[PDB]
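Single chain ahead, written as structure tokens, the form deposited without its partner chain.
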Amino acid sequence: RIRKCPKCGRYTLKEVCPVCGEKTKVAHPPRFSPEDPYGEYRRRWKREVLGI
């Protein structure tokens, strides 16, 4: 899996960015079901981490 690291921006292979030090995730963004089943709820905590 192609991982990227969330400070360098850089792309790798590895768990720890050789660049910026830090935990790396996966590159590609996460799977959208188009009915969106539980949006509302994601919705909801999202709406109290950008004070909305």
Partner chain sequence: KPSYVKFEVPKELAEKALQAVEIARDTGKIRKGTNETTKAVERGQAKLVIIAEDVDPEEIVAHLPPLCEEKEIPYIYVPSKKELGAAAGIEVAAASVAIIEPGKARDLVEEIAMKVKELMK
The other form holds:
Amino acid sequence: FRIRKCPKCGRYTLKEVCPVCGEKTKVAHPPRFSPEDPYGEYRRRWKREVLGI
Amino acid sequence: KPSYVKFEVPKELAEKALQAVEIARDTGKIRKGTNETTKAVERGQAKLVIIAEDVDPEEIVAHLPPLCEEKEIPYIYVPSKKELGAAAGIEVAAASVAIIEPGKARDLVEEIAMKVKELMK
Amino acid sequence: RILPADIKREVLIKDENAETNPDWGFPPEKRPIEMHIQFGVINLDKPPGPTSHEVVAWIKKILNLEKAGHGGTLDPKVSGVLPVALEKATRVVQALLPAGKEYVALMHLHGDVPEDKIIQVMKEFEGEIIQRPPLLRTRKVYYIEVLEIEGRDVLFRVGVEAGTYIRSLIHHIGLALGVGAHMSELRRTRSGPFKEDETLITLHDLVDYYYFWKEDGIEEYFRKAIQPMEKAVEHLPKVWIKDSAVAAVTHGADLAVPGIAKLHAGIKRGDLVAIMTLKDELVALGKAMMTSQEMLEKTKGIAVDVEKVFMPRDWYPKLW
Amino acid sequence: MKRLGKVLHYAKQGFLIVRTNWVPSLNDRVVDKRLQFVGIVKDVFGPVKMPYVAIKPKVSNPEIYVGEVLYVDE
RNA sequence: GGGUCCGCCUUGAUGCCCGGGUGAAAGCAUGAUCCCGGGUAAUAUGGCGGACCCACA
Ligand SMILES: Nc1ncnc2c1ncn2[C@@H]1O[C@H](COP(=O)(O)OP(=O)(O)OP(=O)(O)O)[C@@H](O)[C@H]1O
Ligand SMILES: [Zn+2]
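Structure of the form deposited with its partner chain bound, please, following the form deposited without its partner chain?
What follows is the entire complex, opening with the chain shown before.
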């Protein structure tokens, strides 16, 4: 996969930097999900830390 | 830099971690890639975990820091997944690497594990 | 640019003295979390890999739901906007199947073409285009916006009529350019009224917000994960009905003219319409038996043939 | 014979491509101005008012027809 | 007899997906390959019953 997106201005691009505002882009597709979600508890510890829960 | 990076890693210490992967690769045994690294932590085989700072999506390696802390295994951050991949002896990038047997870099892993514990607190 | 879902319709007033009784009904704003889920739609960012139907099955299993459905099939390798209607709302996806779609696509050319020629040829594929040669079936391309060209790679945004196959569109552009082309990557950025905004949610965030509700008692994150079923209906022409007609429709009556309070203009006979309360609750989906002018001017007759009822019978009292 | 138009190019996937102002049918026979058989219509695409036509060639060297005007034999 | 809501009744040339194990020339450690376990195949139409209604607001 190589379609990327600027997180702040929402510009779709193939570049690592945004051609509009000039910041680091992120890959457009969401990560693989597993219904088994073997490490979901550890992801939640990180997520609770970030969100302040 | 991304939220899964728990602490700030000095430029010198990141090089020492990449050196530790390079040496242990051909003198000992290492696990490369996020699935292999995670299994190594889960099995209690990893002595040191090395995680890239440029991983996107973050969710790929986000589970590792709290997994390492639960299984009592030290971890370190490196700037580039491409650079970490080359150190693991593969032509593509690596999001995370685990050291199973340090070999000649045994003292180097000791130095890292001691210094990351001070950054953790 | 603009889809037929974006162009505002005039609201025609039939009864200026139409008033709604606060005693009855549940507008989206005052629905408890459980009721919110029962009449909810997830604006999901589908991962590439699984089919749209597999993803829906994962959602049902994890959130412990009896029913769910998706609003317009995304192919396995394709990521992006996938509305997943839940439980009592499941069938609202029927309003989403014929809706206009938007995509961001990556076309890889099989030969070297100048940038000016790429843009010119792609501009020609806007409008009514042939999707099947005779021995005539057409489809509308509302816009093509070339974002960037990196050698043989062409990244573009495209708004299309429902049933437009982007893989096919790209193959045809390659033939018109001579060198040939294929679709190497696709992402849906819009499915009807659903788009890439704050409400778009991954499976990871969905399940985690569910866990924050079940374990931590925090409902705010999981509430935001789910949109009201009324959102799935934002792109449709609407007919707003008086309180006294609501229970009749929910009990199986078709909508007659004396029950209409307000309505959108431009409704043709046979159009799919949403029947709404004056509190903007979704009552039912229906097929218009009359035009907007007919509904506004006439005093009698069936205005809408009711096809699918979503509102429970006991929300409004029997007033017929 | 009904005029299709100029051959824009020979697509490497194996089709002569013509821009025209009407919609031919699948399997229509394609000739030049001298009624010499060229090929067969295998796809019609693009704008309804000004479509592209993909012609499967049935001559040995289809490349020579680039820039030449083709017709549907009727 | 009808409408709405719900329940029930049918088929599928190894794939693909997800996971456990393994962990390698455009592909590819954000997972090749193979071994194993599971999931998902058309989100109809027709038919039978149950409940609520027969509604111009
Ligand atoms: N002439 C062609 N015929 C068939 N397939 C092609 C042709 N050119 C490119 N492709 C396809 O496009 C894909 C893109 O890979 P690749 O980058 O090697 O192509 P490319 O044309 O060399 O692109 P670039 O020149 O930008 O590197 C290939 O895997 C190939 O299947
Ligand atoms: Zn930007």
